[PDB]
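In this view, the complex is presented without one of its protein chains, the others remaining in place.
Order as written gives the chain letters A, B, C, D and E; numbering starts at 1 within each chain.
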């Protein structure tokens, strides 16, 4: 009873927060684009960011009406994946914007920012891979996949 | 008990989230339009986007007061449909905006974006079709459904009034 | 017990959502007006939109402190009516804004938008009528009024 | 039990909504003022609007820690009053803004708007009066009410301390 | 049980509202500053306002993980104090902004606004004093301090 209650309240706080954040990032970004008016990057990015976020929101239009377990995990993962694509794209978006604001101003600064982004993107790209892998395949293989990737790390910290 | 409780808390988190997002997308889009100030497209889009979202918000003004099941599902579906049209129109809106911001600047970028929208747009249009199909069909079933509930309400006041003497 | 609990949680999610949306639409609209600077329309509209929304919010300042049933339904309906007037006015506002942005630019587009608004406004005007009618009169007459208007529709779909 | 529960959940939804709206109207107004950059009116209004709203927010900083009943109603009423002044000032603010945006443009529009505000303004001023009247009256009753509660708190620490030995 | 439940739900609605408002005031203010571009005042103010608010938010990062009573009241009061400093600073900020918008325009108006602020600031300064006094000292002294300050008022209303 406490487990089903916790699961349901987790989908309910995930609904309310996915909604507020996807909507807010999308809106702030649209405004950020109109306010300033590699550019193929800028457009494909803004447009992709809003598209991916709207996808997540719709997945919150449809989880409400809806064995059951496998379908709910595929939908859940599609929502999580769309959302992660949105956070990543919002980061790329601010990179491309430092780029556009500083283009004819200072190249050193722009390049510096876009560069300091790489290590975080790696962690970001890492998870994006897990959610994508989890989407095509079944829980087991990805569960064992995950134990392998973690155990091969357990050997590194000890050596040091 | 847990089922009716979960259903009611789902309509309550759907109310609170439909409201916050419909209002936020609409407001942000209106501001985005005034800030830059194929164009027939831009205007019809902004205006449709705000109209469809206001529709959703009103459906959240009216689900609160509310056999009942069929009527509640139709209203629910009209809400889901208005909302989905809003997400689509918001996406269309950012396309038209890349279009307008980049028009005399770079055609390659704008076109590239507007194109990369297609695979996602398919999924959006797909669902929009299902939600539309559910509405047109039950236009019949529900109107009646609503008559039966309003009648039962006219009847519950007649019984509740027959005891006042 | 479940009924009184559901009624109370409905007034509580209606309070929280009326508040967030009335405030957000009002603020976004005020900003939309200052950012661009038939115009009598534009001013009367912006001003009416903010006034009607503030009305709803105040009705949320006063439902909190407060036979009881009839008074609560009149207040409820006044809140719903103020809110609906706000959604309508927000739509009119975006119409008038396409109008103002495109005036000396393209008349075809502006007129096109303001036109595509009519069928939705009808549905909007329709409900605005119900809430107004519900305000002056008592539940019964409007309940029967509603059964008549719906039954006269039951005859149309069958014929086709 | 249901009554005390409902009262407490009403102060909790009133806290969460007072906060979101007071903060949002204030922020939006400040931005609206800087964006355009009878004028003594414009400044006194913006400044009063933000001040009154910050007042409300602080009253939400202090209802959280809190005989008790009379004190809680006075504080509640000060919150409702600050909030209502904020709604009024926000309305006044958009009037003065139609005024300023349209000043050298069209006087007819600005005046028309500012006029159409009157019937609604009456209802706002009406309630503002009631909330004001409740405050001035109990300035007496409550101060004392608060002394009795703070004393009982000074006394509950003295009893709670008499047992430590 | 009802008391511990109410206390916990009060810290939970205080968390959610401190967060939304501190974040919103800080963001709106940052934007208000960039949009317009005694000035030492303007900068020290904007900067202090954002700093004090971020302080409150962090205190909401750390109340979540955490005899217990005395520590929780010191943290609580530090949060309340940071928050109050934020509301005050937001008011000062709008004063300084009327000041900056009207400087070369109309001095009468600016001075008028900044002046009408004083009586509210007094009430604001008053509470800021209570929360600060409550921070260095223990509950008792400030409780009695508070009974003295209130009783000396009970003598004024009667005389009139």
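The criterion applied here is as follows: contacts are C-beta pairs under 8 Å (C-beta built on N, C-alpha and C of every residue); 3 or more make two chains touch, one makes a residue touch a chain.
Peer 1: Identify the residue among E:33, E:95 or E:109 that touches the chain left out of the display.
Peer 2: Answer from the full complex: E:33 touches the omitted chain.
Peer 1: Footprint of the hidden chain on chain E, which residues?
Peer 2: Residues in contact with the chain left out: 4, 8, 12, 15-16, 19-20, 22-24, 26-28, 30-31, 33-35, 37, 39-40, 42-44, 46-48, 50-52, 54-55, 57-58, 60-62, 64-65.
Peer 1: Which positions on chain A touch the chain that was left off?
Peer 2: Spelled out for chain A, the touching residues are 2, 6, 9-11, 13-14, 16-17, 20-21, 24-25, 27-29, 31-32, 35-36, 76, 80, 83-84, 87-88, 90-91, 93-95, 97-98, 101-102, 105-106, 108-110, 112-114, 116-117, 120, 123-124, 127, 139-140, 143-144, 146-147, 150-151, 153-154, 157.
Here, only the chains that are shown with their structure count from here on.
Peer 1: So, what's the distance in Å between the C-alpha centres of chain C and chain B?
Peer 2: 15
Peer 1: Between chain B and chain D, tell me the centre distance in angstrom, where each centre is the average of that chain's C-alpha atoms.
Peer 2: So the centroids are 34 Å from each other.
Peer 1: Residues touching two or more other chains, restricted to chain C: which are they?
Peer 2: Within chain C, residues 16, 20, 24, 27-28, 31, 35 contact more than one other chain.
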